[PDB]
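First comes one chain, alone, set out as C-alpha cells in the form deposited without the named molecule.
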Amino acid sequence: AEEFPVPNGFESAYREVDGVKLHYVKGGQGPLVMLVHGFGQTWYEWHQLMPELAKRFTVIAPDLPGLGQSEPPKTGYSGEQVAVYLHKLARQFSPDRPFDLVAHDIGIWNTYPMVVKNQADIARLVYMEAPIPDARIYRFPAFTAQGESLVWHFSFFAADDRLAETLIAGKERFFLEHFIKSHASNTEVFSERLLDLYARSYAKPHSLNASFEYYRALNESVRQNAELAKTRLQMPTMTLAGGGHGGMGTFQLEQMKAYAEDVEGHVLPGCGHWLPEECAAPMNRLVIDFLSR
C-alpha cells in the first residue's frame, strides 16, 4: 500500500534506523540528495522535482518519523533527536561521500542539528520556508492588521491537554485545506483531489499526534540550537521563500545569514509557503541549478 503514487522508475521502501522504520522513495543515479518534507505533507510534495533531479543524482525522500508511512521516533521529537534518524538514513546510502540536503518547513528543524554536527557529510544545502528554531520565533506576532498571522499555530499545536488533536480529530480534511490555503498565494494548485491525499495520511491517529509533537518539542529545539549555532555552516547554502501571501519573505535569508558563511537567497513572487506546488517551475529550476554546480 502506498499513500501517494510513486513516480515512474522510483521505488518505495523502508529502512530500520535505530529501531524506527522509516519510509522513503528513492530513484536515480549519482551523488545522493535527500529531500525532507514539512508539516501537513509527506515525501510526495517533492514528486515533481524528483524525476528531474534523478537525472543527475540519487534522490531519496523520506517521510518524517510519525508522518506519512514512517514510524514515530523512539527517542523524541526535538530537532536534535529526529536529525539522528535522518542523518543515519542518508549515510546508509552515502557512507563514503557527502550528500546534498533540501528541506522544507519543519524538515529544517529536523535536519539543522545533523548538518551543524556533521558539516563534512553535507556537500550543499537548500532550506526553504521556515525559521530555524531560535529566539527569533518568539518575535512573530499572534495577530496582524490583515488577520491571522503566520505562526499562531505554534501555540495551538504546542498547547496542553492534546488540544489540537482533540479539536482536529475527525475534521482533518477540513482543517488541512484551511491551513494550507491560508498559507498559500497560488491556492488553485490545491485541488480537492490533492487535499484528499494529504489529509488521509495525517489523519492516521499516530500521524496527527506526531505532527503536533514536533511543535511540543519546539522550545527544546530552540534550547538545543542555542548551543549548536556557536559554529557556523561552512558549505554552500541556498534559501528559498515565498514573497506572496503565506510566505516567509525576507526573513528566510536574513536569519540564515546568521547561520551560514556562504548563503544565497531567493524570494519567489506570487508564491506562498508551499513552493514545490505553488511555484514548481521556478523552484525546481533554482534547486536543480544550485545542486548541479
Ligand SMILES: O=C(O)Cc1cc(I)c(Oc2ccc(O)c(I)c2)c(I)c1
Second form
Number of protein chains: 2
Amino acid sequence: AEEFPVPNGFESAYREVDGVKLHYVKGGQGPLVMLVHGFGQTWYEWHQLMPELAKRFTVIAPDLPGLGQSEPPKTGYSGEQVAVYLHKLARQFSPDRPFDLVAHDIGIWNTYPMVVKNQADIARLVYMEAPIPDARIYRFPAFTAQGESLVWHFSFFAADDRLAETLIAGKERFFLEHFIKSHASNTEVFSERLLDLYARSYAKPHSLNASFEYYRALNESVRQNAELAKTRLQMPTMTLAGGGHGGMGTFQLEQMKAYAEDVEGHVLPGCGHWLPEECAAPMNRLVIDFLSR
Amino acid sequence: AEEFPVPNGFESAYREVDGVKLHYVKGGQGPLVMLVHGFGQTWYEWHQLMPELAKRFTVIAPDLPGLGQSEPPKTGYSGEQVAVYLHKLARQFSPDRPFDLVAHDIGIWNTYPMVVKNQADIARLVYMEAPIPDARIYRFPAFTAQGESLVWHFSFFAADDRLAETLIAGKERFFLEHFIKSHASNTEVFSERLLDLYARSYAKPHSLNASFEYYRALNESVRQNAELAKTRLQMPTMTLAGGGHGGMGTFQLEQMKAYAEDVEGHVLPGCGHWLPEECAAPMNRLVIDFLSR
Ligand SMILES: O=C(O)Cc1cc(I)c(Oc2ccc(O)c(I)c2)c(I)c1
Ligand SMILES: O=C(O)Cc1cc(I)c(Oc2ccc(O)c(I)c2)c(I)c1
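Okay, that one was the form deposited without the named molecule. Can I see the form deposited with the named molecule bound too?
What follows is the entire complex, opening with the chain shown before.
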C-alpha cells in the first residue's frame, strides 16, 4: 500500500539504514539530489518538482524517520542523530560523488549536522522555510498584535505529558488543516483530497508521536548546532522563503549568511510557508536553475 | 448546587449586573475587599485566604463572567468591558466608601480598566502573577532553552476556528492538570481531588469557551490600555510574583512601576504561578498585612 501516488517513472522503495527501514521515492538519471520534507508532510510535497528534476538528476525523496512510511529512528530525534540516517541513505546511492540536498521545514533540522560534518559529500545546498536550530529561535514571539503567532507550536509540540498527541488524537485532520492554512498565503492549493492524504499519514500513532519528538529534541539540536556551527559551510548554497502570510521572509537568508560563505537568497512574494505547493512553478524554476549550474 | 465548598460562615449568592448573573462568595464584616481569580480557576482559589481576611474585612470573591457559576458577559470579554461588571458588583456592596482589590492572573486584565477609571473607589490594590495587557506581551518568547514557554497558550487560546475548544473538549481534566502543573513550582498541592474540582467547573461548555474568549479579546485589551495608561495609579499598590518554575519573577514589579506611583513588590522563592495554593502561608501573610495598613 502507498500513502501517496507515485509519479510515472518513479519507484517507491525501502532501504535499511542502521537497522531502521526508510521509505523513499526515487527516479531519474545522473548525479544524486536528495529532497527532504518537513512537518505535517512526507516525500509527496516534492511530487511536482521530482519529474522536472529527474530530467537531469537521479532524484530521491525519503520519508523522515517515523513519518510517512519510514520506521522511527532507533537512536533518537535530535538533528545529529536523524542526519546520520539521511546521510547514509544518500551515500548508498551516491558513494563516489557528492550529492545535492534540498530541504524544507524540519528537513533542515534533520540535515544540517550531516552537511556541516561531511561537506565534501555535499555539492550544492538548497534550504527553504525553516530556521537552522540555534539561539535565534528563542526570540520568536509567543503572541502578536494580529493574534495567533506562527511559532507557538514549538512549545505545544515540545511539551511533556504527550500534550500534543493527547489533544490532537481524533482531531488530526482538523488540526493539520488549521496548521497548514494558518501558515499559508495560498490556501487554495490544499484541496480536501490533499489534506485527507497528509492527515491520514501523520495520524498513524507512531507518526503523530514522531512528529512531536522532533520538537521535544529541538533544544538538544540547538545545543548540538552550537558546536557544529564553529565550522562554516563552504558549498554553493541557495535559500528560499515565502514573502507572504506564513512565510519567513528575510530571516532565511539573513540566518544562512552566518552559516555559509557562499549563499544567495530569494524571497517569493505572494507565497507562504508551503513553497513547493503554494508556489510550485517559481520555486521549481529557482531550484532547477540553481542545481543545474 | 455549589461547584466548590463554601468556607464556614460565608454565603454563596448571585447578583444581576447589567443583565448578567454573577456568582460570588461573601463573608466577614468591615471595609470591602474584592478578590478576583484567574484562568483555570474560580473564586475557590481564595478559599484559604478568605476566612483570615474576613476577621477584618467584608470579603467578596466573584466568579469571572462565564467562569465558575457566573453567566457569560453580554457586552464582551475585553478588559474594559468585563471591568464594568466587576466595578458595579463591588459598588453594590460598597456604594459610599472605597474598597480594596486583590487580583490574580486574568483577574488583573479584568480589573485594571475599572481601577484606572475609578481611582477614588479603590483604597488599596494587590496584583499578582500576570502582565497588565500592553505591548510588553508581544516580547514574551514562543519557546525557551528550557522548553515550553510561559505564555505560548496566548496564541493557542486566541487561535481562530475554535481551535482550543475543539482540541480540549472531552480532555479538560487532562489539559488543566498539565497547564497548572507546568506553571507550578510546588506541584504537590495540586491533588487529583483539587484538580477534579477545577476541571469539572471549566468543562461546562460555556465556561471552556468563555476562558478562551478572554484571550481572543487580549489585543483589544492592549489597545484599550494604551489609552488608559496615560494616567498613573495613585493608590497604594503591592505586587506579588512567584520566583520558582512557572512564576513571573521580577517582571511583575518592573511592569507595575510604569503604571503606579506607589508600589512595593515581592518575589516569592520556590513558588510558581499559583501563589494562593503553592505558597499559602507567606502569600496570605503579605496580603493581610498590606491591606491591614
Ligand atoms: O526573529 C526574526 O528575526 C524574525 C522571525 C520571526 C518569526 I515569529 C519566525 O518564525 C516563523 C515564521 C513563519 C513560519 O511559517 C514559521 I513555521 C516560523 C521567524 I523563522 C523569523
Ligand atoms: O520576556 C520577559 O519580558 C519576561 C517574561 C517572560 C514570559 I515567557 C512571561 O510570561 C509568563 C510568565 C509566567 C507565567 O506564569 C505566565 I501564565 C506567563 C512573562 I509575564 C514575562
